[PDB]
Amino acid sequence: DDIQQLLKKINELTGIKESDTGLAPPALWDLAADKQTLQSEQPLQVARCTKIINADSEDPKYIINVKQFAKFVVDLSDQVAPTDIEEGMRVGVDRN
Amino acid sequence: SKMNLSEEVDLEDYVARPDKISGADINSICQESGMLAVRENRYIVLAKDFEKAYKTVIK
Amino acid sequence: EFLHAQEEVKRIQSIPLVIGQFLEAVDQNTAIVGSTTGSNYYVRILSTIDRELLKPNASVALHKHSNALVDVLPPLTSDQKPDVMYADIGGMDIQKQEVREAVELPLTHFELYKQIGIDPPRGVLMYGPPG
Amino acid sequence: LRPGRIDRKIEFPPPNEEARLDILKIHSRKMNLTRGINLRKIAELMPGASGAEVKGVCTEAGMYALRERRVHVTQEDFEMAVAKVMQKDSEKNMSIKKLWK
Amino acid sequence: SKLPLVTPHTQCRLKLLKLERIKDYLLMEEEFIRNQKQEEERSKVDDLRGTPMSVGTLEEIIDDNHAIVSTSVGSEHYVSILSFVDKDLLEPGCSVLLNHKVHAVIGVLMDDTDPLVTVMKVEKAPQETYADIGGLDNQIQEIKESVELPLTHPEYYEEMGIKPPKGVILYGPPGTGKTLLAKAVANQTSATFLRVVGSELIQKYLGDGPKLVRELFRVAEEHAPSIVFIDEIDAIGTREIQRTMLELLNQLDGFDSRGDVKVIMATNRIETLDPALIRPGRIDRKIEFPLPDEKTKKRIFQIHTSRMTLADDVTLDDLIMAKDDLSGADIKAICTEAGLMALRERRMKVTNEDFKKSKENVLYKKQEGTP
Amino acid sequence: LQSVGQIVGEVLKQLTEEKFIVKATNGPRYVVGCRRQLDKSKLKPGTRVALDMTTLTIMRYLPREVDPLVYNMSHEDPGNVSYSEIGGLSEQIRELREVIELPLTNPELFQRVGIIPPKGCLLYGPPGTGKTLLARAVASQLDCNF
Amino acid sequence: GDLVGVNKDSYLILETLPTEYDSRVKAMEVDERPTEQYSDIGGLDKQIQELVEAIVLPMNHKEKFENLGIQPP
Amino acid sequence: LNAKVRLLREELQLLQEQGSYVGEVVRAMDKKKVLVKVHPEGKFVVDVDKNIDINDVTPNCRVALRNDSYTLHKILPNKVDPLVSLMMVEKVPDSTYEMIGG
Amino acid sequence: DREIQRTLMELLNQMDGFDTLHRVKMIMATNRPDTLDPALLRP
Ligand SMILES: Nc1ncnc2c1ncn2[C@@H]1O[C@H](COP(=O)(O)OP(=O)(O)OP(=O)(O)O)[C@@H](O)[C@H]1O
Ligand SMILES: Nc1ncnc2c1ncn2[C@@H]1O[C@H](COP(=O)(O)OP(=O)(O)O)[C@@H](O)[C@H]1O
Ligand SMILES: Nc1ncnc2c1ncn2[C@@H]1O[C@H](COP(=O)(O)OP(=O)(O)O)[C@@H](O)[C@H]1O
Ligand SMILES: [Mg+2]
Numbered sequence: 050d051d052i053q054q055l056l057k058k059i060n061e062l063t064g065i066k067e068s069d070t071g072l073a074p075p076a077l078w079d080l081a082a083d084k085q086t087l088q089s090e091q092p093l094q095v096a097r098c099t100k101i102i103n104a105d106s107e108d109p110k111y112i113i114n115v116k117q118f119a120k121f122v123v124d125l126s127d128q129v130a131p132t133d134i135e136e137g138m139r140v141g142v143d144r145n
Numbered sequence: 350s351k352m353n354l355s356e357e358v359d360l361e362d363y364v365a366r367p368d369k370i371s372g373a374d375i376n377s378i379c380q381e382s383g384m385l386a387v388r389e390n391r392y393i394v395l396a397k398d399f400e401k402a403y404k405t406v407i408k
Numbered sequence: 071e072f073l074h075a076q077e078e079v080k081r082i083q084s085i086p087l088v089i090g091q092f093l094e095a096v097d098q099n100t101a102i103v104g105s106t107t108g109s110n111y112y113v114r115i116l117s118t119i120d121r122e123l124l125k126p127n128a129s130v131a132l133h134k135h136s137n138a139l140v141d142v143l144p145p154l155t156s157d158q159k160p161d162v163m164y165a166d167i168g169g170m171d172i173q174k175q176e177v178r179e180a181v182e183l184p185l186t187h188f189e190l191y192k193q194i195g196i197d198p199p200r201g202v203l204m205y206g207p208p209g
Numbered sequence: 306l307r308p309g310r311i312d313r314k315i316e317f318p319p320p321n322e323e324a325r326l327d328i329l330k331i332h333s334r335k336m337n338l339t340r341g342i343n344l345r346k347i348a349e350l351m352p353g354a355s356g357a358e359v360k361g362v363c364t365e366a367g368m369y370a371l372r373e374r375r376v377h378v379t380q381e382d383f384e385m386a387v388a389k390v391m392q393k394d395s396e397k398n399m400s401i402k403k404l405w406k
Numbered sequence: 047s048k049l050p051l052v053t054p055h056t057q058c059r060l061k062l063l064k065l066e067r068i069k070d071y072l073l074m075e076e077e078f079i080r081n082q091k092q093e094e095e096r097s098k099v100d101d102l103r104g105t106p107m108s109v110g111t112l113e114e115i116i117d118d119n120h121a122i123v124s125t126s127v128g129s130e131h132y133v134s135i136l137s138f139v140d141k142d143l144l145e146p147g148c149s150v151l152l153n154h155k156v157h158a159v160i161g162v163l164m165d166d167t168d169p170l171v172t173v174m175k176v177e178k179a180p181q182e183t184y185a186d187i188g189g190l191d192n193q194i195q196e197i198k199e200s201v202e203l204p205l206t207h208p209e210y211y212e213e214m215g216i217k218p219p220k221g222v223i224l225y226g227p228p229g230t231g232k233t234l235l236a237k238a239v240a241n242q243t244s245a246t247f248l249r250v251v252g253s254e255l256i257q258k259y260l261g262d263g264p265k266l267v268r269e270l271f272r273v274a275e276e277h278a279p280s281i282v283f284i285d286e287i288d289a290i291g292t303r304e305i306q307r308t309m310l311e312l313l314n315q316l317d318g319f320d321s322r323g324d325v326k327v328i329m330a331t332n333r334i335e336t337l338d339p340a341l342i343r344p345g346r347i348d349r350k351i352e353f354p355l356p357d358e359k360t361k362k363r364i365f366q367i368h369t370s371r372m373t374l375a376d377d378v379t380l381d382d383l384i385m386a387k388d389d390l391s392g393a394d395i396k397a398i399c400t401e402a403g404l405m406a407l408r409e410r411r412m413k414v415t416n417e418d419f420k421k422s423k424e425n426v427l428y429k430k431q432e433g434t435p
Numbered sequence: 050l051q052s053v054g055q056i057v058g059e060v061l062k063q064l065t066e067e068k069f070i071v072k073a074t075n076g077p078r079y080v081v082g083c084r085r086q087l088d089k090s091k092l093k094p095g096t097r098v099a100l101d102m103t104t105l106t107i108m109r110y111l112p113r114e115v116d117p118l119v120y121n122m123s124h125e126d127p128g129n130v131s132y133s134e135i136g137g138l139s140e141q142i143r144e145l146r147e148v149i150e151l152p153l154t155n156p157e158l159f160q161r162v163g164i165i166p167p168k169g170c171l172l173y174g175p176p177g178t179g180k181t182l183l184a185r186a187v188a189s190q191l192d193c194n195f
Numbered sequence: 148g149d150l151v152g153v154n155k156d157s158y159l160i161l162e163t164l165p166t167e168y169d170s171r172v173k174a175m176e177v178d179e180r181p182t183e184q185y186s187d188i189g190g191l192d193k194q195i196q197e198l199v200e201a202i203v204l205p206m207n208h209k210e211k212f213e214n215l216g217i218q219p220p
Numbered sequence: 052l053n054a055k056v057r058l059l060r061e062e063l064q065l066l067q068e069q070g071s072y073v074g075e076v077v078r079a080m081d082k083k084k085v086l087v088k089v090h091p092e093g094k095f096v097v098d099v100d101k102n103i104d105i106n107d108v109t110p111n112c113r114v115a116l117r118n119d120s121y122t123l124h125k126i127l128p129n130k131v132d133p134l135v136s137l138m139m140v141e142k143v144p145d146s147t148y149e150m151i152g153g
Numbered sequence: 250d251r252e253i254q255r256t257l258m259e260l261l262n263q264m265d266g267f268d269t270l271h272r273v274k275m276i277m278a279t280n281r282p283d284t285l286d287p288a289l290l291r292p
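Chains as they are written, first to last, in full-length UniProt numbering: chain A, 50 to 145; chain B, 350 to 408; chain C, 71 to 145, 154 to 209; chain D, 306 to 406; chain E, 47 to 82, 91 to 292, 303 to 435; chain F, 50 to 195; chain G, 148 to 220; chain H, 52 to 153; chain I, 250 to 292.
Next up, chain A with everything else stripped away, as it sits in the complex:
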């Protein structure tokens, strides 16, 4: 009985066994690049594209169907091009 109770005491003293998350070998990673990229880029949401309105082939106005959230009429950024996007296409969309 004393063996058992003091084994509980050992468990309490050593505490909960640590649970990790996976941070690779320490020498491999970081650099200021990670935090800079985190604070500088945009964590885009994912959407289905739909019904490229293309009302004039000048202001295309594509519809998107971001799943479980909403659907929006939206436009391209200054980077991507109309020939890049098609109907469907599973586009990526900025968050605000």
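FYI, nobody ran anything at the bench for these hints, they're computed from the structure. There may be inaccurate statements among the hints.
Unchecked claim - Quick partial rundown of chain H residues pointing at chain E, CB under 8 Å, derived from the structure:
{"id": "1", "residue": "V77"}
{"id": "2", "residue": "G93"}
{"id": "3", "residue": "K94"}
{"id": "4", "residue": "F95"}
{"id": "5", "residue": "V96"}
{"id": "6", "residue": "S120"}
{"id": "7", "residue": "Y148"}
Note that CB positions come from ideal geometry on N, CA and C, so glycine has one too.
Chain A is already provided as a structure; the job is to place chains B, C, D, E, F, G, H and I with the ligands on it using the hints.
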């Protein structure tokens, strides 16, 4: 009672008649007689309506 | 100053307030409530609320912003409601008496017949031709 | 029932005179009974009860009290109750002494 | 971890001494623990993943440090991966930590779903041992050659060029020690043990049969050295249930490479099983568990009544004799029933008559035929 | 463009003459008050009302939802089918017009007679005998809402 | 049952949209326009004629049918 | 009177604070980090506050959080309400040997 | 398959809610009346 019926309706005939018809059959006869009365567009239920309803149903 | 303060306390539970359902109390000044938004929260109880009203399923009203429990709201399946009366029945007087003693009195006054100690009535049989 | 499996069996024959005495007492403990009752005659008059029907006889005596709006039970109430509790008089010529005699 | 094994069982000073040594070591552990940096790496990583951090599911990896991730609200997000996340630990379906504000992928959370096979992982194998099973010498050698030795010592088979046997069937009357031997071989080599007893893989849904087989073998592969014990293979083995058979057979000897997982199946009715299920190419070792003979029955009686306090008068041989009509499970029932008879009479120390009455009653618990 | 949309929602128990329980369509349950001037008697459990989406106060009790699914289920072309286009069903047309047309066209008959009109009719038969045609004709001929 | 683009916050309607059915429904639409000729079909001339007269003729003319008063198949 | 006024003032000041959510812990993962699942927000990892008594925090504790940053606040009473078992389980029944006769 | 039964329940309730005064009538058409639930068949 909730229906209209005419003064010449003879309920005692159907009371005494032998056919062992049920209360649901009573309701069916009364609704069907009202329907016959409406069929002839007559706003009141006549004895002939009860006659036709009684023989139209049961056995 | 106490009149001012009590006026503010009253001003706390003014409309709009989000309705929710009361879960079991934690302490004298706080309890857990599940708002009708679906989410659950651990919320301070307004000390003005009378505690006896806090049944474990009571509908309550919370501050819209802070979710603060600030009010207690004062609280059939189908056409199962038959909507027919003894006046509508065609004079089944003997059956009327039999059924009325069989179920109606047990439904209305089963506590006295429990005082008898009998596990008050549970089942009656009705037999006869259809319709 | 094979030996490595479930280990024991217990038999529950129909209650005897003494068992009928207990069960009648236990289920009558809550019911308002009256002096002059003779429950032993009642237990003797119910041969081969299964126990549950003794809860039944108590229930029927109380129902006889209730339908008369009486909150007390007497010997006669139980005695006419037992008649309703017979229900085995529905045996008769069929198989009573032939075939499955 | 667990306490070591104390293997005197009679209450004697040796047992107390062993327990005292265990006590002393554990007290020194108490003393040691009671008798009592990387802040740069912390302030970098554990502060980039600023608390709180959410948990979501990785769907796909598109670039070297960019992944598609879902969350409990069902939304979908293309988000970068910071460099410290182990790429090879990241795959579709993996639970992933995310920064709360910008959803950044900040570490894989070790899986805590797939609960069915999660509990199916036994890990409680140490209740039995080769010592606990007696008399199955040839069967012990067969199972050792078949499932154990390839796991403990694959060296012989790789040197010889043999691809070792990797599927076994056990058959015989019930209570002869099939499940016992399975658990014992699970214990002797500490490769993890998975059990799933026959009809329990049969399911009402169209999917769950073959799906259950697939995830069972998937987890067996994931644990790598593992034992899969299909008890009562009969129920499935004797269109939908045949499809479950097809999936099990394909997972036994099919496409890909199965790896290190060993498969042991147990049946009472081997002759009734479908020949496809017993793939002579795959099921290359069939092991019979016949009813115990005299030497075996003596061994089983000895092991099971060993932990019992015994009187002088017990004539163990006369207990055995007979015509070998009782398996080991019946013998254990004899032991328990004799113990109960001894307890009824207030004997805390069993006698011969207890065993005699026990065997007579247990044998009375057999047969129903009059002629 | 300066205007802002109001939140729709069904209403429930009137706690007082001023505090009401609205239930925004697919949303939470609130306790709210009518604005200042709206009627209070007509605000009964089961009246669609608009809510100001800053204080959630009741304003502009709307008549009731049409649910454009239902709008499509009414404003659908049934065709020009007349009774003289259906053939061989004369008795069945008589029954259908007696159960569905006449109780609607002439309710006072059933009022005076006191008969509760049959609630509905069931049409059944092999595929392609006129059931759908029967319904089409009844729709195209009876000037009502179908 | 119309499709309108409204303000993301004030929810005022400021655009009228073409109705969208579903992505799968649009995937069902033929864009490649396959090329197998009628001459490539052998022996089926009676079946070819039946299918053509049933399908293509109502698309082509509608005059030969309406001059007869028949409902085209 | 002053005590009552102070009481009311502190009550209002606390009433300004929000509802702090309700969640249940799945696995403690070392000091200053513990995992907890909350209604459909989901499962989040959270740093414990100054009370820091994590070994008290058993899985399925029904622990309370912060409304912002979710910071652990206090353990709360346990969720028992075993209606899942109670549709079928008879708990500790009332049947007792004295009502058994014969 | 569940939602269909739960919806037939609501159809039953709304059908039984017909007070005598509404000028509302209803037609139902089917090719397999045998498959129809006998609940509807009740007067
Ligand atoms: N009595 C009739 N008089 C004229 N045309 C009829 C008659 N019966 C059937 N038809 C024709 O046959 C076709 C029957 O189509 P319809 O959809 O009405 O049949 P249905 O049996 O009610 O349908 P469903 O199979 O969908 O239950 C129509 O083209 C209709 O013109
Ligand atoms: N004595 C009666 N008086 C009036 N209506 C009756 C009577 N008996 C039956 N009905 C009619 O029968 C219907 C109820 O069916 P019912 O007869 O109770 O079914 P069951 O065949 O199971 O007895 C009611 O709509 C009612 O109109
Ligand atoms: N050779 C044996 N040695 C020790 N115990 C045995 C032996 N054979 C059977 N047993 C007893 O039988 C039980 C195991 O029965 P087993 O044959 O594994 O069940 P199953 O027939 O379901 O596979 C154990 O409790 C064990 O005590
Ligand atoms: Mg149709």
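Okay, the hints, checked on the actual structure:
1. A distance limit of 8 Å between C-beta atoms decides the matter here; for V77 of chain H the minimum to chain E is near 7 Å, and the interface restraint holds.
2. Interface restraint check for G93 of chain H: the shortest CB-CB distance to chain E comes to about 3 Å, inside 8 Å, so the restraint holds.
3. About 5 Å separates the beta-carbon of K94 of chain H from the nearest beta-carbon of chain E, less than 8 Å, and the hint is met.
4. For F95 of chain H, the suggested interface contact is upheld, since its CB lies about 5 Å from the closest CB of chain E, less than 8 Å.
5. Using the Cβ-Cβ criterion of 8 Å, the hint placing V96 of chain H at the interface with chain E is satisfied: the shortest such distance is roughly 5 Å.
6. Interface hint status for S120 of chain H: upheld, as the beta-carbon distance to the closest one in chain E is roughly 6 Å, under 8 Å.
7. Annotation: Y148 of chain H was flagged as interfacial toward chain E, and the flag is violated, the nearest CB pair being 21 Å apart, outside 8 Å.
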